[PDB]
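One chain is shown next in structure tokens, namely the form deposited in one PDB entry.
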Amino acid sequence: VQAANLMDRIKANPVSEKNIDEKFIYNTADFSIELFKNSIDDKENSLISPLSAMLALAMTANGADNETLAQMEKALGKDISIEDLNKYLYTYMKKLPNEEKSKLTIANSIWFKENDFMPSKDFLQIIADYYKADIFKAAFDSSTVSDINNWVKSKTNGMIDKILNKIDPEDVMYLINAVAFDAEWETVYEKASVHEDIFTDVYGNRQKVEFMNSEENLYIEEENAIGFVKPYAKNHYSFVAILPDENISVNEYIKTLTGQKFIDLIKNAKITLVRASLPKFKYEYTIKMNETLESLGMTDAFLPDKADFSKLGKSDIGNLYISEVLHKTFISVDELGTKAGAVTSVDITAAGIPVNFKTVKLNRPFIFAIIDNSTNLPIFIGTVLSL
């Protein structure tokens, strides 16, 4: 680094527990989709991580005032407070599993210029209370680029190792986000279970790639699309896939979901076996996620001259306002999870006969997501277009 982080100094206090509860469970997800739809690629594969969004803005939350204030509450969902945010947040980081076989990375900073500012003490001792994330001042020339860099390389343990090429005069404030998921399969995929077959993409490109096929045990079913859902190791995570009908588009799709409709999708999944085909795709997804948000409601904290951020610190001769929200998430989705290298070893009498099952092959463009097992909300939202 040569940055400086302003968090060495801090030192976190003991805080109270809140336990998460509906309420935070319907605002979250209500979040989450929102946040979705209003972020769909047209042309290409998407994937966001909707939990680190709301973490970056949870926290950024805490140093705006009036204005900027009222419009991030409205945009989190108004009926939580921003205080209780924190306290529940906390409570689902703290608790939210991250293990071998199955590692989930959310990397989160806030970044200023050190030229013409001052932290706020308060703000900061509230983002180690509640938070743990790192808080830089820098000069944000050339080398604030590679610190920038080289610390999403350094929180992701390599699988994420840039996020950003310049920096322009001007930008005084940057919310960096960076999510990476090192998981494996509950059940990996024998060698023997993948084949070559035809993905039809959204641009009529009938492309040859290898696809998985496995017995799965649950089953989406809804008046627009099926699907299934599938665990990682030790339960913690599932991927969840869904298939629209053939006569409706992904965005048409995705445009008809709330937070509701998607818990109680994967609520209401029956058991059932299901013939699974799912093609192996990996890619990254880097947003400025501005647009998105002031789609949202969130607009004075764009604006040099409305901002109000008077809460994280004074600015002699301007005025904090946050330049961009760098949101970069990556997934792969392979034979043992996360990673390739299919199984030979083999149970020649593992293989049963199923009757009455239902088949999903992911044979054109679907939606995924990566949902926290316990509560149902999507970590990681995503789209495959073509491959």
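If you superpose the two forms and keep the largest set of C-alpha atoms that fall within 1.5 Å, you have the rigid core. Positions refer to the first chain, counted from 1. First, how it differs from the form deposited in another entry.
With the core held fixed by superposition, the comparison between these two forms singles out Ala180 as the only member of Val274, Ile242, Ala180, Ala301 whose CA moves by at least 2 angstroms. After superposition on the rigid core, the Cα atom of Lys18 is displaced by less than 2 Å between these two forms. When two forms of a protein are overlaid on their rigid core, residues whose CA moves 2 Å or more are considered shifted, and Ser332 is not one of them between these two forms.
In a rigid-core overlay of the protein, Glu216 has its C-alpha displaced by under 2 Å between these two forms.
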The other form holds:
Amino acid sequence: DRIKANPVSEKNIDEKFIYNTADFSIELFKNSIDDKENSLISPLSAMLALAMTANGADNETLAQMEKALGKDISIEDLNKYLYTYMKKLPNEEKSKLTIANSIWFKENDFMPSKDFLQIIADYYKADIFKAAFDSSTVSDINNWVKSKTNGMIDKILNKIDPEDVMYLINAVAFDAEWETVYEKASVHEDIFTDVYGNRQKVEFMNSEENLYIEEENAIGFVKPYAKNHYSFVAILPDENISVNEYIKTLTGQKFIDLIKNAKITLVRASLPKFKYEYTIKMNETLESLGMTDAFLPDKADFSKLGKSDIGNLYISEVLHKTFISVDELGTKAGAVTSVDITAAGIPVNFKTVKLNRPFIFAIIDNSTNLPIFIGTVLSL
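So that was the form deposited in one PDB entry. Now I'd like the form deposited in another entry, please.
What follows is just the one chain, with no partners and no other molecules.
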């Protein structure tokens, strides 16, 4: 409306972005997973929401965020890279991917920096909303994410704290068909009882696949979506190692390369059918990547976002909500990352450790091998 997006230069996607963003993605993953059997993160979604927020950070808060997201990529080069990456990611019938960004800020106690709002509009194509931050803003925001995730996630907020001044929000929506769908005759329902004694029913889908992943600590396959822009990666870690041991061996470059080195050979693949929602408060996960100052009211420097009259601004939470449905016809997947900028108080977080062996999966962009989504199902 007022802030008018200006033309910007592209920065061609290259080995540096691919491998650095791979590094962030896998590290985000291995510090995200917990006791939850079903989990799902979108490193892309969190990347974008956090890249937007980094543009308001200064000094040590900035330096920690640049390092956590881009390693050695400056926020300026990250701005160019992500703009380019959003621009060129394929999106068409049977192979849909959309990405949306928004900034919501308080009309009252907060004056945003004109330069911050501009750089966001320029590189992130963000919707900018000046708001009251009352109950109606809650419905406004949930309307936005419901729309931008195609109904996969209809709510991100339920209430706004009186000392909140800004929400930086990214949404992602993925809707694609398999290149080769499953006939129902390829699907078979097995009944079992879980660890806790509960009857579970999992439908398994059988296919012949032609990309076979073979690491020293894992087996897997890659199944393409129609139009060949995106694939589904499935990884079965070994039993001859600890679950904590396997996660620790995993790296960004290894993940890129293991898909790259997938041998063209026939593989009888079994893919579980699954549909779930997942929520993770990403505070502790991001602190463990070296982003610590942003979450500490006495330390955070977010003075590039703008002027506050209510106190020192800091991130109270990075909320990450996801949804996925893998069935016979394809995959629907949605993600929201909201970053909450507030004046007062202090977050309190608990974190659980993963103890069970997971069936690992990822939805990957075929031209980079970067995981748009990465998650876990089942207890092997």
